[PDB]
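Undergrad: Take a look at the letters that make up each chain.
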Amino acid sequence: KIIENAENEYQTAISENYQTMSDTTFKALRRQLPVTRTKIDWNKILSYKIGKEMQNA
Amino acid sequence: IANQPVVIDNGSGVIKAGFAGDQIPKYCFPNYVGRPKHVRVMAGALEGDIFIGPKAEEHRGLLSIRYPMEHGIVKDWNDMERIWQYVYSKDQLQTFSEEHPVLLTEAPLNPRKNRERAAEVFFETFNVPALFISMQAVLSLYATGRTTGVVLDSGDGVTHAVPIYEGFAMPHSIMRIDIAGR
Ligand SMILES: Nc1ncnc2c1ncn2[C@@H]1O[C@H](COP(=O)(O)OP(=O)(O)O)[C@@H](O)[C@H]1O
Numbered sequence: 230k231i232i233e234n235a236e237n238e239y240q241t242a243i244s245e246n247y248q249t250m251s252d253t254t255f256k257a258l259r260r261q262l263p264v265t266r267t268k269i270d271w272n273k274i275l276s277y278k279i280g281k282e283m284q285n286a
Numbered sequence: 007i008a009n010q011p012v013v014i015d016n017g018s019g020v021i022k023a024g025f026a027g028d029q030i031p032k033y034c035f036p037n038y039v040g041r042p043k044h045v046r047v048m049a050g051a052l053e054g055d056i057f058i059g060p061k062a063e064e065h066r067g068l069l070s071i072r073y074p075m076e077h078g079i080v081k082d083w084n085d086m087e088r089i090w091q092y093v094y095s096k097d098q099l100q101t102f103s104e105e106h107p108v109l110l111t112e113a114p115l116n117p118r119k120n121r122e123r124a125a126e127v128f129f130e131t132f133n134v135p136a137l138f139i140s141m142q143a144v145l146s147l148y149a150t151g152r153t154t155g156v157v158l159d160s161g162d163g164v165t166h167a168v169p170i171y172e173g174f175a176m177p178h179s180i181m182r183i184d185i186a187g188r
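Going line by line, the protein sequences match chains A and B.
Heads up, the first sequence is in UniProt numbering, so the first residue is 230 and it goes up one at a time.
Heads up, the second sequence is in UniProt numbering, so the first residue is 7 and it goes up one at a time.
For reference, chain A alone in the conformation it holds in the complex:
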């Protein structure tokens, strides 16, 4: 019974880690989107980078 409980908790925790990694560690290394929840507009970045550096200073 001690083996049963310990191995059940261990397998359960691995299953929880798969859901946890998707929401925390895996997303923490690379986000699906920036904090703005938008895709990067590459044409806007080329002109905006100059505008935002002076406007945010």
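It is possible that some hints are incorrect.
Claimed, not checked - In silico SDA-like cross-links for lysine to any residue, where the CA-CA straight-line distance does not exceed 25 angstroms:
id	chain 1	residue 1	chain 2	residue 2
1	A	278	B	179
2	A	281	B	177
3	A	268	B	180
4	A	273	B	125
5	B	61	B	73
6	A	230	A	243
7	A	281	B	13
8	B	81	B	34
Claimed, not checked - Which chain A residues stay away from chain B? Per the calculated CB distances, all over 12 angstroms, these:
id	residue
9	235
10	238
11	252
12	272
13	275
Since the hints were derived computationally from the structure, they do not count as laboratory data.
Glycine included, each C-beta is placed from N, C-alpha and C at the ideal position.
Here the structure of chain A is known, so what remains is to put chain B with the ligand in place on it, guided by the hints.
TA: Here is chain B with the ligand on its own, set in the frame of chain A:
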């Protein structure tokens, strides 16, 4: 290339006009056209069928007030164009529209057709050197001196809240309601 760009805040209630570098808008007048309702019988009377700003404030009883723009949407462009013509008159600023560039501040989540028609007027009627349309929310933070922050702007025409991160407005979190000062 030009001397100094003119900032024009197209507010629903009052139009705020001045030059970039000015601490306060030098010329602020109500955004409506007043036309005389009563008949002219005697000579040497008030000339003109159009009165805007302090001339309409002093003789308000004579005039019928019509607002060209409701909830930040221009219903009558003929009146709105005449008001922008008054911005460059001898009363306000008193400069050539072709000489100075213009910065206009529009409400968020407006139709594209408004910006397209607005642009046509200042490039065709006024032959402006350059035009830059700006959001109300982003400018409010630049003034306050914060790059990140939620702007709860409850205007005369519309009320809206824009969450802005590092000078960037989150287009999906913007919430605007028609209910305003009017
Ligand atoms: N002292 C005040 N108390 C309450 N409401 C006011 C006061 N002064 C002005 N207002 C309201 O605010 C409006 C002015 O908003 P406005 O400057 O046009 O904003 P925006 O240009 O950003 O739309 C007025 O028309 C009026 O309804």
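Undergrad: State for each hint whether it applies.
TA: For each hint, the structure was consulted:
1. Note on residue 278 (chain A) and residue 179 (chain B): the hinted pairing holds, with a Cα-Cα distance of about 23 angstroms set against a maximum of 25 angstroms.
2. Restraint check for residue 281 (chain A) and residue 177 (chain B): the C-alpha separation of about 17 angstroms stays at or below 25 angstroms, so the hint holds.
3. Taking the CA atoms of residue 268 (chain A) and residue 180 (chain B), the gap is about 17 angstroms. The hint holds against a cut of 25 angstroms.
4. Annotation: proposed proximity of residue 273 (chain A) to residue 125 (chain B) holds, straight-line Cα distance about 20 angstroms (limit 25 angstroms).
5. With a C-alpha separation of about 16 angstroms, the suggested pairing of residue 61 (chain B) with residue 73 (chain B) holds against the 25 angstroms cut-off.
6. A C-alpha spacing of about 20 angstroms is found between residue 230 (chain A) and residue 243 (chain A), which places the hinted pair at or below 25 angstroms, so the restraint holds.
7. For the proposed pair residue 281 (chain A) and residue 13 (chain B), the alpha carbon gap of about 20 angstroms is at most 25 angstroms, so the pair holds.
8. In summary, the hint linking residue 81 (chain B) to residue 34 (chain B) is supported, as the alpha carbons are separated by about 22 angstroms, within the 25 angstroms threshold.
9. For residue 235 (chain A), the shortest C-beta to C-beta distance to chain B comes to about 46 angstroms, beyond the 12 angstroms cut-off, and the non-interface label holds.
10. Separation of residue 238 (chain A) from chain B is adequate, the least Cβ-Cβ distance of about 41 angstroms exceeding the 12 angstroms criterion.
11. Remark: the non-interface label on residue 252 (chain A) is consistent with the geometry, its nearest Cβ contact in chain B lying 20 angstroms away (cut-off 12 angstroms).
12. Once the 12 angstroms rule is applied to beta carbons, residue 272 (chain A) is consistent with being away from chain B; the minimum gap is 15 angstroms.
13. In this structure residue 275 (chain A) is separated from chain B by more than 12 angstroms, as the shortest Cβ-Cβ distance comes to about 15 angstroms.
The structure fails none of the hints (numbered hints given earlier).
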